[PDB]
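Before any questions on how it binds or moves, here is one chain, the form solved without this ligand, in structure tokens.
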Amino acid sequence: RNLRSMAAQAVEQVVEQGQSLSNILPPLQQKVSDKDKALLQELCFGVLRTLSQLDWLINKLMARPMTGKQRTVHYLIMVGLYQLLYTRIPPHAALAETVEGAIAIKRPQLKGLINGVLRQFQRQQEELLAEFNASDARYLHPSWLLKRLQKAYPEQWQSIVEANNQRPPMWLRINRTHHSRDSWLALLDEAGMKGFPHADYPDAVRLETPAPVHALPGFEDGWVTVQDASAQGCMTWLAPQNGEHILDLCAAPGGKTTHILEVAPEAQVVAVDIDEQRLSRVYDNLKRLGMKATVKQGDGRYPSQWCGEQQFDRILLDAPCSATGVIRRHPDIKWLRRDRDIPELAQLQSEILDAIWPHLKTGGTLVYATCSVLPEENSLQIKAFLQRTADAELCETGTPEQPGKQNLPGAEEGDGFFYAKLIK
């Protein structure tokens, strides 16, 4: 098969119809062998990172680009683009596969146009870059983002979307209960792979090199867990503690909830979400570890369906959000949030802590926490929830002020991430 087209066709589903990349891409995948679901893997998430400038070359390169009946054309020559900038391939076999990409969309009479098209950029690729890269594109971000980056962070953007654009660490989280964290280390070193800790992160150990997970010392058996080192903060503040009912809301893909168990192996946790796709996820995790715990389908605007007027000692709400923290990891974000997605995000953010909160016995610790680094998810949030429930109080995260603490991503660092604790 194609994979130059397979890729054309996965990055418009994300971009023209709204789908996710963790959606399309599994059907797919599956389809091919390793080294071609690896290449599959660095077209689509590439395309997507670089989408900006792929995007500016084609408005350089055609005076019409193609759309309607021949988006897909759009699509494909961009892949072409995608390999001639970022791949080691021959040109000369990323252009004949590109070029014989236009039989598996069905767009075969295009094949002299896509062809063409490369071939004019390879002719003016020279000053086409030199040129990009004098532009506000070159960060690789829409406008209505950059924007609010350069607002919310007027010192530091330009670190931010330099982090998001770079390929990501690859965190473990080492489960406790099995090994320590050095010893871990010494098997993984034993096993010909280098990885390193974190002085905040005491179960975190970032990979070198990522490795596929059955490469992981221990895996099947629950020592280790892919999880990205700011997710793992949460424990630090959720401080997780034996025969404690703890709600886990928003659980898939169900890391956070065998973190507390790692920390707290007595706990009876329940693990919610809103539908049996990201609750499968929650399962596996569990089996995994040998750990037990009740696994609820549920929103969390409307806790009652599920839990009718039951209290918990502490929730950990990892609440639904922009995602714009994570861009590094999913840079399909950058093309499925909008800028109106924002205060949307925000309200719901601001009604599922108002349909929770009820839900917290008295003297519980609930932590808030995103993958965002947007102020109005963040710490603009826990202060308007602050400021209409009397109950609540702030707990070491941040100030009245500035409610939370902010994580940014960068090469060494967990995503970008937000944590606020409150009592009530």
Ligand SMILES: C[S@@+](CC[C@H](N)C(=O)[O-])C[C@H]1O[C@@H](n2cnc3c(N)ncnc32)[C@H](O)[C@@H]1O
The other form holds:
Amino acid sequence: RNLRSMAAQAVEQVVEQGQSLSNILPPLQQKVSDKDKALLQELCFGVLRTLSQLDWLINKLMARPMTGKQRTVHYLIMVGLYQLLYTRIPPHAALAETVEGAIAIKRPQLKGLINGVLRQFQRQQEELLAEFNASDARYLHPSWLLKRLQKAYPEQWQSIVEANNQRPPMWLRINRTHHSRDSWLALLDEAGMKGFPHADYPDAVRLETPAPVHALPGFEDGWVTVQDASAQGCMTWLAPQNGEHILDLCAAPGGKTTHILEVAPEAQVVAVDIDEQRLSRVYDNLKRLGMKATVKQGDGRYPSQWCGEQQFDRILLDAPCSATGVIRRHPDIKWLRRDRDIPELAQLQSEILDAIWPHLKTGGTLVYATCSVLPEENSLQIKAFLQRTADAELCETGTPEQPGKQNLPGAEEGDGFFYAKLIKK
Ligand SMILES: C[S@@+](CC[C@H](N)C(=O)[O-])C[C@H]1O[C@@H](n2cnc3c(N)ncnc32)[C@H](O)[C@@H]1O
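Output the structure of the form solved in complex with this ligand; the preceding block shows the form solved without this ligand.
And the full complex, kicking off with our chain again.
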């Protein structure tokens, strides 16, 4: 089977149809050898990551880019450009496989057009490249987002986008009930693998080289979970304790749900999420780590539908969000989001905060988190909420003037992420 046609179908779905790479790649990958699986992954992620340069190049190379009925050829050709640009696959091999992929995309008569464009690029790669990197297009971010980050981070926007464009680090979370972080790293090293601690995330290990989970010591025994570091940080602020009734809202796939139970094995946890599909992963992680929790489907806007009149001791709200902090792991976010999404998501976050607040007990604690770097979903959001909510007080994260704590992505850091901790005095 042709991997280049599999990547071109994978990707075109994402950009033109708005499907997530997460719903696509899984099945595709089940169909090929291990080395084929890694290369397919590299092609899909890579093309998504650079979808901008591959656009700015096509345009310099084709007076008329392939549209309408021959749009996949647009994507196949991009898959070819990615290979000529960002790998050291023998170019005759990248050309050959890309061209031959025209038969799996049912357009064998464009073999010449595909060869022709790719060869011209090898021919014009140079002038097209440079002119590209002269453009603001080099940051690989759509203008709307690039402009929001320059407004929010006048001094750091560039470091932000450079971090978004790096290959993501594989961060692991060591289950403290079975090992100390340090005891497990010792296992890691005996298995020929290298990881690094982080002072700010005591359960975390950053692997030098990403690995399959079947290669992580005790994964299937629940000694370790793949969880980005900033997300691990939520426990610092949630500070959960045994005996407590803890609501983990928007819980799937259950990274934080299980983290709470590693911190407080005897907490009574109720995990809810509006999506029955993703809810399934909570149980899976639940079982894998030999834990129990109450798992319920429900909408964080309309809580009484699922908890009637119940109040909780602590609430973790891992709010639905633009995901701008995690672009380095999901490059498709840059093409599926739109500038309009931001105020819509801020409104949904604002409503959930308003609907759940009354379910929190006086003296109780609520931690609001997002994987966004946009102020509207984060400090502003928390700013507004306190203003209109007289019985809420801010705790240790940020100030009444700049509420919460904003993480920004980096090679030895967690993802762009945001925390705000609140208490019901
Ligand atoms: C940031 S993700 C969850 C990550 C999870 N907390 C973990 O730590 O693995 C947000 C989740 O919110 C769910 N969600 C979206 N809208 C919701 C709503 N109105 N009510 C409850 N959950 C919602 C989504 O299905 C998604 O699973």
